[PDB]
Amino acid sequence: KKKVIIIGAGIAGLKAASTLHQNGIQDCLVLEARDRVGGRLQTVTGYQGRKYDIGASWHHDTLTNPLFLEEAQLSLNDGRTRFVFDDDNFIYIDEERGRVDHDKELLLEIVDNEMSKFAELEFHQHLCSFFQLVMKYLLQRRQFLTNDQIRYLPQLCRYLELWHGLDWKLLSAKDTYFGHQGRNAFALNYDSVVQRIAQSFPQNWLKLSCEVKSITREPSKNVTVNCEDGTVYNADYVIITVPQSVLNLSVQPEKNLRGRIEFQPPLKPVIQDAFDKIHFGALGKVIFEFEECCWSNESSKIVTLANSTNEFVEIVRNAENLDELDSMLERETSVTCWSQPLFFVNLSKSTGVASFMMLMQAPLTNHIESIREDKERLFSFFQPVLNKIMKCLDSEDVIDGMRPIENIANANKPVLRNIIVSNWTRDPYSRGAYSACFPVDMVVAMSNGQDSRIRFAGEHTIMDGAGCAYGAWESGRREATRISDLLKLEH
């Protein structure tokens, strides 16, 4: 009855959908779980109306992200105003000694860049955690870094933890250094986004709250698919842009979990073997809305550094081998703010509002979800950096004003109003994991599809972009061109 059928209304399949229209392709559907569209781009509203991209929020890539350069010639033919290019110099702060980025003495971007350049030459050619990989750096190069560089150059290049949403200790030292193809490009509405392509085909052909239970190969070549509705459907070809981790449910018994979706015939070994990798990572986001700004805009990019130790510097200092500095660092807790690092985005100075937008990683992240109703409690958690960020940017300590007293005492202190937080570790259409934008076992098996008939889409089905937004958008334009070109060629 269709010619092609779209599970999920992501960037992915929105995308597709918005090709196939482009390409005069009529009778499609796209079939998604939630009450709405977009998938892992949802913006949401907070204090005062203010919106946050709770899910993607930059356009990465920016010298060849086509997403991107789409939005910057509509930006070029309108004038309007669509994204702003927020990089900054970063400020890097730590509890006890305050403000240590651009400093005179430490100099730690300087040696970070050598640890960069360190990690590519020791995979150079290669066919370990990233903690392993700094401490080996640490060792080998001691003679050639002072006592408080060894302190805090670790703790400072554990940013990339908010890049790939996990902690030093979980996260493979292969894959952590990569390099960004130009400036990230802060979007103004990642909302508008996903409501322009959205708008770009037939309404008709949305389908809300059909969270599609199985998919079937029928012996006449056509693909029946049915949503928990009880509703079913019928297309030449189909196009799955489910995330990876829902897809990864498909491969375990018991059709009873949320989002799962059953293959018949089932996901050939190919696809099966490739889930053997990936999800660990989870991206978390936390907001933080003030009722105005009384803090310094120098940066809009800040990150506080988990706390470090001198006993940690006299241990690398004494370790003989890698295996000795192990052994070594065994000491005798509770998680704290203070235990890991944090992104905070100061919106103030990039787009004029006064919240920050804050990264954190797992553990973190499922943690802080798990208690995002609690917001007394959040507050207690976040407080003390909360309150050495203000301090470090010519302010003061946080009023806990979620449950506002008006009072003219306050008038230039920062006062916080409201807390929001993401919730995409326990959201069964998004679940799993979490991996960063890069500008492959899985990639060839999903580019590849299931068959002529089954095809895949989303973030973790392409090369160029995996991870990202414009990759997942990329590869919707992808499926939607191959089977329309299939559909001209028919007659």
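Rigid core here is just the name for the largest C-alpha set that superposes within 1.5 Å across the two forms. Residue numbers count along the first chain shown, from 1. Compared with the form deposited in another entry:
With the core fitted between these two forms, just one of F456, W424, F68, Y434 shows a Cα displacement of at least 2 Å, namely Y434.
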Contents of the next structure:
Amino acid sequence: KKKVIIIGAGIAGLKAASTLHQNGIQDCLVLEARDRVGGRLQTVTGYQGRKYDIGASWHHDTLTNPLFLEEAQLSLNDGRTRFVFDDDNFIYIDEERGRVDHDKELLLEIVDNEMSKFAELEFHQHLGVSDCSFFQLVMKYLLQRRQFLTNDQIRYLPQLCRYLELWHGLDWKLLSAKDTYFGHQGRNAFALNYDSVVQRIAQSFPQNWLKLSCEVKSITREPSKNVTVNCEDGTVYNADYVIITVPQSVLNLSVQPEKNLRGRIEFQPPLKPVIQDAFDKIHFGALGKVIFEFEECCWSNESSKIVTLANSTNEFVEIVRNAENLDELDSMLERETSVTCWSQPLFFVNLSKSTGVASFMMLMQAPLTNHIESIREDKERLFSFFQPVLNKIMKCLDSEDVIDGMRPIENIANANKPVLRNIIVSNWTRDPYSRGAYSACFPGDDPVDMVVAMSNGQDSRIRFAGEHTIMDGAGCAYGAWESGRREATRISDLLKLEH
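Please could you give me the other form, the form deposited in another entry, since above is the form deposited in one PDB entry?
Coming up is the bare chain, nothing alongside it.
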């Protein structure tokens, strides 16, 4: 009944649809399981009408990111503000010591940079001579360079460099050392409404093409020259080509038995071996977010980027100074509970400086992410959990301890104290249609496989699009966006050319 059937209304599938239309193609559909378009791009509304991207927030690699370049051309034409370059000098806060950034004695940013080159030198030209966890790599570095590292550098450096966890959404012991570092193609641009980006692409094709709330439960390839798709509601479709953009985590459900899980699509014939084997190259990290909405700004807007360090011990230094080798240090690190806000690094975007909004956007990683999203409706507990980091931040920013004002109890005796009015938490690890944030590597993985296998398609008719199906922009909004145009282009020609 259709020429092309796109599964998923995230940016990949939306672009793909936008392309097909652009190329005069017709009779296509966009089946989306959620009751909204956007996928991992969602802008929610909070206190006093403030808006926040609960999913993607930035345009990365602005020197070459094509979606960003496109958005920039639009802004040059209409002068409408679509983004703001918010990169800043990071402030680093340790619970006991306070600020440790740009320290005349610690000079942590300089050793972190050395640490970075150490990493590149370890994996460059050796062909993956063993892949460890980012944690293990940092341990090698510390051991190898302790003769040129002070005591405080050995103590704090490993904690500061963990900000990298917030880039993969993975704790440093679950994250591949080889994929930890990546090239940043220029500054980052905070999207002032990724929902604006989603809206544009969504309104660029036949509105009657979109079918919200259609959960696709099975895709069958009948050699007859067509693909049959069945929505969970009973409707069936026959398409020449099908573009699947469900996230990798959802797709990984196919290789498992018991096709009852939400989102899971039964393939017939089953996904070919190169594909199924690719799912052994790890995947899915869990970057999470917590938005803290205050009444008004009453702290120093020195910087828009703040990272709180996990607690560290002088005793750890001693162990590094006494370890004879790696194996001895590996086991010597046997210090024998309870996870608090100081158990992992946290990344706070002070939105007051960059957007003038009295709020903080907080990013978190696995394993913490799922635990916080699990209590997302318990505002009071969430407050108790982050209260100590929040207060430490306010202290360092020439302000006072936070007052809980999430419940209607107006008082003017607190005009010089930050007042929390609301907390918003993401829900990506618990949403069945995302089951996580985006592609990520566990030690021992190699993403190339999935990208090549996904890009090569199930076959000439069953194709794949999404952040996990491409090299440039892997895991990013523009990668997914570009993967959509890719499959669309391939199909666009194969059709129009015939007739």
